[PDB]
Amino acid sequence: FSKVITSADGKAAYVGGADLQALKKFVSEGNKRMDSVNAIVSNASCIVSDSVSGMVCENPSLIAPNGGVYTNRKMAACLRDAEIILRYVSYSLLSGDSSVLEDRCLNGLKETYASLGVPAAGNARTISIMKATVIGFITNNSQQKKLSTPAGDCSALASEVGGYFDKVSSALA
Amino acid sequence: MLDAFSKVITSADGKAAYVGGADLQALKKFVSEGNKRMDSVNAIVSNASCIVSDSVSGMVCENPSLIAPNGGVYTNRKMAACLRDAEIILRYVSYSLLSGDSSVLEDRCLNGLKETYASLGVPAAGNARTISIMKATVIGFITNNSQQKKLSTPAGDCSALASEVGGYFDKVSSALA
Amino acid sequence: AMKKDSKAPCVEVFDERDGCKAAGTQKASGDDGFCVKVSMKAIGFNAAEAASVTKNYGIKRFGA
Amino acid sequence: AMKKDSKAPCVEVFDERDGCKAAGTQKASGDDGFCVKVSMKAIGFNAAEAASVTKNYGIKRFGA
Ligand SMILES: *CCC1=C(C)C(=O)N/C1=C\c1[nH]c(/C=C2\N=C(C[C@H]3NC(=O)C([C@H](*)C)=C3C)C(C)=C2CCC(=O)O)c(CCC(=O)O)c1C
Ligand SMILES: *CCC1=C(C)C(=O)N/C1=C\c1[nH]c(/C=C2\N=C(C[C@H]3NC(=O)C([C@H](*)C)=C3C)C(C)=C2CCC(=O)O)c(CCC(=O)O)c1C
Ligand SMILES: *[C@@H](C)[C@H]1/C(=C/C2=NC(=C\c3[nH]c(C[C@H]4NC(=O)C(C=C)=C4C)c(C)c3CCC(=O)O)/C(CCC(=O)O)=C2C)NC(=O)[C@@H]1C
Ligand SMILES: *[C@@H](C)[C@H]1/C(=C/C2=NC(=C\c3[nH]c(C[C@H]4NC(=O)C(C=C)=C4C)c(C)c3CCC(=O)O)/C(CCC(=O)O)=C2C)NC(=O)[C@@H]1C
Ligand SMILES: *[C@@H](C)[C@H]1/C(=C/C2=NC(=C\c3[nH]c(C[C@H]4NC(=O)C(C=C)=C4C)c(C)c3CCC(=O)O)/C(CCC(=O)O)=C2C)NC(=O)[C@@H]1C
Ligand SMILES: *[C@@H](C)[C@H]1/C(=C/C2=NC(=C\c3[nH]c(C[C@H]4NC(=O)C(C=C)=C4C)c(C)c3CCC(=O)O)/C(CCC(=O)O)=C2C)NC(=O)[C@@H]1C
Ligand SMILES: *[C@H](C)[C@H]1/C(=C/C2=NC(=C\c3[nH]c(C[C@H]4NC(=O)C(C=C)=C4C)c(C)c3CCC(=O)O)/C(CCC(=O)O)=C2C)NC(=O)[C@@H]1C
Ligand SMILES: *[C@H](C)[C@H]1/C(=C/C2=NC(=C\c3[nH]c(C[C@H]4NC(=O)C(C=C)=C4C)c(C)c3CCC(=O)O)/C(CCC(=O)O)=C2C)NC(=O)[C@@H]1C
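Residue numbers (the authors' numbering), protein chains in the order written: chain D, 5 to 177; chain B, 1 to 177; chain A, 1 to 64; chain J, 1 to 64.
Read the hints as simulated data drawn from the structure, not as lab findings.
It is possible that some hints are incorrect.
[Claimed, not checked] Here are some chain B residues pointing at chain J (derived, C-beta under 8 Å):
1. 49
2. 76
3. 77
4. 103
5. 144
6. 145
7. 149
8. 150
All C-beta atoms, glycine included, are put in the ideal place defined by N, C-alpha and C.
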């Protein structure tokens, strides 16, 4: 899928059939891996909104004047960024590596946030809730909704996706 | 009644039409409680997915035979078709509330719908319960009786608009009974 | 008549009194922040949501 | 480099082993029911969701 990342229109690429069978032989736990990716993207809205909501409820000064997500414009920008990050993490889990996340999402991002005054403590908490939420889904610890997968253990993939979130946290700290 | 969007309903492609500014100010005079009515329509459409999914889920949890073999929403295809229909219905109700009448709902959504469902074996008891839950959910939003999400409106009374939208749901229920 | 084509009126309500404007989005006339948009679109099947309801219907949500 | 264009990989995962097929959706070779699609899309601002989070952030949801 690398050409999707670098193409000018980002038009969709599709892999199925034998190409997808082959791809599932280069990464670990290919079927659980696709269920894990599916769990992230299928729930992207609620993951993002629960995570940004929690960063605010733990620090409501963030929606007061001078606050990081004061006004709808800034709240919407923050929700957008949380989704962007989440999606780069989903693509890292699909591909089994973080090179695109680091190159296209993280490189220069802390500098951008420092220039804008986007608060690092708030970003840290949004990322830690997104991580906890995704790991919760992948390990059957989500309480309202469960995944439609065969029952089993996905702890290795939870550790792997946790590491991708940790790369975000580390870069933005 | 507000007729500005009539041409959207009848056009070949359904391309969007828009009204703002002084045109919209004048349009709102042709329906009661224009501002609260836009807020009510916004509450429906902004929450369309959760309204539909909570309503179909309740249908099923009260009558789980609906997802067993020979059931109305057995297989993902049937469940998806039912969630789609619930959204279609909710959207025609939202347009009824925007325009202050149910003529388009009756003509383009309800006229023929009972007979179609009879031909397909879509159970009436299940449709009745999805509709009554959607009605309750929408009324709950409009009357500050939603627990997980509150609206961002000025505080006040919207009981007349809740009664009006309840009537539009009742037309659906009556047509599909 | 119900035309069996899945097409339904999609109403969108805008309140941009906060002055936050997106490029390319002025489609009617006005500067008070309000707009109503209606289109007629085919409502699609959502396999992902159908899977979730089939799995999760027995869980009470939203304090219902 | 982060390009400041809001574009992110949009991944979509398909499992159509139940045999339900939608017209015109075959976009790659394959007959076992599985497909992954990836596109690069600008992630949009969502004013309605921003409004909701501003109002509702203090409501615990989803048994958290
Ligand atoms: C859109 C989701 C939502 C948010 C967000 C919110 O704040 N309220 C929301 C939904 C909502 N639901 C209802 C009412 C009902 N929902 C159900 C379905 C669930 N009940 C079950 O037994 C079940 C299976 C286990 C469900 C799934 C039902 C039955 C109702 C009651 C319908 C009735 O006849 O009155 C409301 C209305 C307010 C309320 O709490 O009742 C709302 C706002
Ligand atoms: C995507 C929505 C969702 C469904 C559906 C589901 O079943 N679970 C879901 C989300 C989810 N959230 C968490 C964990 C947390 N959520 C929050 C924010 C809320 N807590 C607040 O105090 C607050 C303001 C009042 C909220 C909004 C937080 C803080 C967490 C914990 C994060 C942590 O560091 O552990 C999960 C993970 C499992 C769990 O229930 O804890 C999930 C799946
Ligand atoms: C943690 C992720 C989950 C969990 C996931 C499991 N999935 C298992 C088997 C499995 N899943 C799929 C579908 C998947 N593969 C694809 O190619 C695509 C689409 C591109 C998807 C959505 C398949 C085909 C399989 C193999 C079994 C089958 O044919 O259905 C699984 C069993 C163990 C294993 O096969 O590795 C598990 C445990 N299960 C959980 O309880 C957590 C929440
Ligand atoms: C039940 C529906 C709600 C409730 C709604 C109220 N809205 C009130 C006033 C109001 N709302 C708007 C925005 C609306 N008008 C538009 O044209 C559009 C977009 C096209 C929108 C979204 C305006 C401009 C106003 C009037 C200014 C004001 O009073 O703030 C309102 C006050 C009573 C009234 O004006 O008739 C109410 C009660 N309030 C609730 O508590 C429930 C949940
Ligand atoms: C039957 C009505 C089902 C239903 C199926 C749908 N699939 C939709 C989009 C879609 N499905 C695939 C996977 C398929 N195409 C392939 O090339 C391969 C393997 C080689 C398979 C397994 C793809 C790639 C797509 C997207 C096509 C595109 O990118 O243009 C779909 C449309 C969703 C929409 O219109 O928004 C449907 C309705 N959906 C259901 O709910 C029932 C259970
Ligand atoms: C600033 C970044 C805001 C934000 C604004 C957005 N508005 C979006 C779409 C949109 N807004 C209107 C209303 C506007 N157009 C008019 O003609 C009039 C009155 C005459 C007004 C008040 C419309 C009609 C539209 C749709 C445009 C169309 O149908 O082509 C929008 C795009 C969302 C998307 O692309 O998916 C944005 C970002 N959004 C935010 O979160 C901050 C608070
Ligand atoms: C949410 C958890 C945060 C929060 C986020 C904000 N980001 C704001 C502006 C902004 N964000 C980016 C990075 C974004 N663009 C990309 O292209 C990619 C990856 C490919 C990402 C992750 C940029 C470049 C910008 C400015 C330019 C633009 O929006 O196009 C923002 C507005 C800040 C301001 O204007 O002062 C916010 C509020 N803010 C918070 O407080 C929490 C911690
Ligand atoms: C959900 C609460 C129900 C349920 C709904 C089902 N409807 C099914 C097929 C279907 N629905 C319609 C009406 C729909 N199409 C429109 O154009 C309009 C309004 C403009 C509406 C409201 C049609 C025409 C059809 C058949 C053709 C099609 O889908 O394009 C359906 C599949 C039935 C089957 O194949 O056996 C279901 C499951 N089913 C339930 O059990 C609950 C009560």
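Practice problem: Grab the minimum C-beta distance from residue 149 of chain B to chain J and call the hint holds if it beats 8 Å, violated otherwise. | Solution: Hint on residue 149 of chain B: holds, closest Cβ of chain J at ~5 Å, below 8 Å.
Quiz item: Once the shortest beta carbon distance from residue 150 of chain B to chain J is found, is it less than 8 Å?
Solution: 6 Å, holds
Quiz item: Would the stated hint for residue 144 of chain B survive a check requiring a Cβ distance to chain J of less than 8 Å?
Solution: 12 Å, violated
Quiz item: Going by Cβ atoms only, is residue 145 of chain B closer than 8 Å to chain J?
Solution: Not OK, violated: residue 145 of chain B not within 8 Å of chain J, min 14 Å.
Exercise. May I ask you to test the interface hint for residue 103 of chain B with respect to chain J, counting a Cβ-Cβ separation under 8 Å as satisfied?
Key: 28 Å, violated
Quiz item: Is the shortest C-beta separation between residue 77 of chain B and chain J less than 8 Å?
Solution: Nearest chain J Cβ about 4 Å off; hint holds.
Quiz prompt | Interface restraint verdict for residue 76 of chain B against chain J (beta-carbon cut-off 8 Å) | solution = 6 Å, holds
Quiz item: Holds or violated: is the Cβ of residue 49 of chain B closer than 8 Å to a Cβ in chain J?
Solution: Interface hint status for residue 49 of chain B: violated (12 Å vs cutoff 8 Å).
Hint compliance for this structure: hints 1, 4, 5, 6 are not met, and every other hint is.
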